[PDB]
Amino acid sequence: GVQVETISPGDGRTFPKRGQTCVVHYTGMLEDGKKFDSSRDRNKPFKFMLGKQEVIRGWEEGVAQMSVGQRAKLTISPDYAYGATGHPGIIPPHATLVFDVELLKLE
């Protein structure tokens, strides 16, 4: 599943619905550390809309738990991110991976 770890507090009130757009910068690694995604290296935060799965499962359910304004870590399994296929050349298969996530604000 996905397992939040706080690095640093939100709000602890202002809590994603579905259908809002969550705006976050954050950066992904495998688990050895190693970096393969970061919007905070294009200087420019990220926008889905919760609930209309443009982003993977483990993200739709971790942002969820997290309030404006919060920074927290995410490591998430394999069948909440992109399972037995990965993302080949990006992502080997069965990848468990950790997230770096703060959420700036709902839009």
Given for the second form:
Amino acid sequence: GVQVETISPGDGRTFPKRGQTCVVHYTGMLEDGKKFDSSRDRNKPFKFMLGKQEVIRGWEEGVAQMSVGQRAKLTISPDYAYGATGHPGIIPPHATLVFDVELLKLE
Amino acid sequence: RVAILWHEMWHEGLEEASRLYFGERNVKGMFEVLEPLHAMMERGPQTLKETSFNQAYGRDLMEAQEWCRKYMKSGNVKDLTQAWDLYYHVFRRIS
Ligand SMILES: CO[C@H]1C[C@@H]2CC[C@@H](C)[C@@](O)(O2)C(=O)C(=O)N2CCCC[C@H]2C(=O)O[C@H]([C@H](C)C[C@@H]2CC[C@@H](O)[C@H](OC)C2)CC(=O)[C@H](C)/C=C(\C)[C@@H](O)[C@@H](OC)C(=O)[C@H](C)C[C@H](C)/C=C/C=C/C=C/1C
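Taking the form deposited without the partner chain as the starting point, write out the structure of the form solved in complex with the partner chain.
First the chain shown before, then all remaining chains and molecules of the complex.
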């Protein structure tokens, strides 16, 4: 599964409809808080279209739950992420990942 | 050889390359489907369309290549990502 826990709420009616572009700011870290990637360090929002299997599954189902403005922590079990194979050099096998993601805007 | 815009050529090249690396963990394949595209660039814009695209996206795609070269020398894999940051930027702009 994927676990969403509000850090800061949005309007709670403007959800990303399948096929929109989510502009978001995230910091990703491994379970222990070890940061691996953040768009906020580059000072540059990440964009992706929701539904096109463009991102990992915990993101697909996680971000679909979010409304514009909302900031959330996603706890994504390896099944809904990079699995047993990981992504070599950055995400190890089986890793439970935590994402802090804020949904800036839909386009 | 065949007629195709550098636009279409790079769009589907970048998409295929990314799927091979990210999706299949095939860093051998992604170099295969990327080296050709880079080869053309290094040879020359012939038409006006290939000229302007080169003015727009030539620099980024070049730097992306140096990052891949850097990966080849160090095995770091964060060079590959700094490369794919730049590929993503040119791809996002050419849609
Ligand atoms: C340098 O930075 C990398 C991302 C880094 C690499 C390593 C991971 C730790 C990480 O640090 O991201 C990371 O924090 C992370 O885990 N992310 C990124 C943020 C969203 C969530 C997750 C993710 O899903 O990554 C994604 C993960 C790595 C792979 C995917 C997982 C889901 C699966 O369905 C896909 O199958 C193939 C692959 C990477 C992405 O978010 C990028 C946008 C998308 C893709 C590569 C594919 O969807 C591809 O499909 C062919 C596309 O359609 C794209 C648009 C085509 C163009 C040319 C490719 C662009 C390249 C973008 C690359 C980027 C920004």
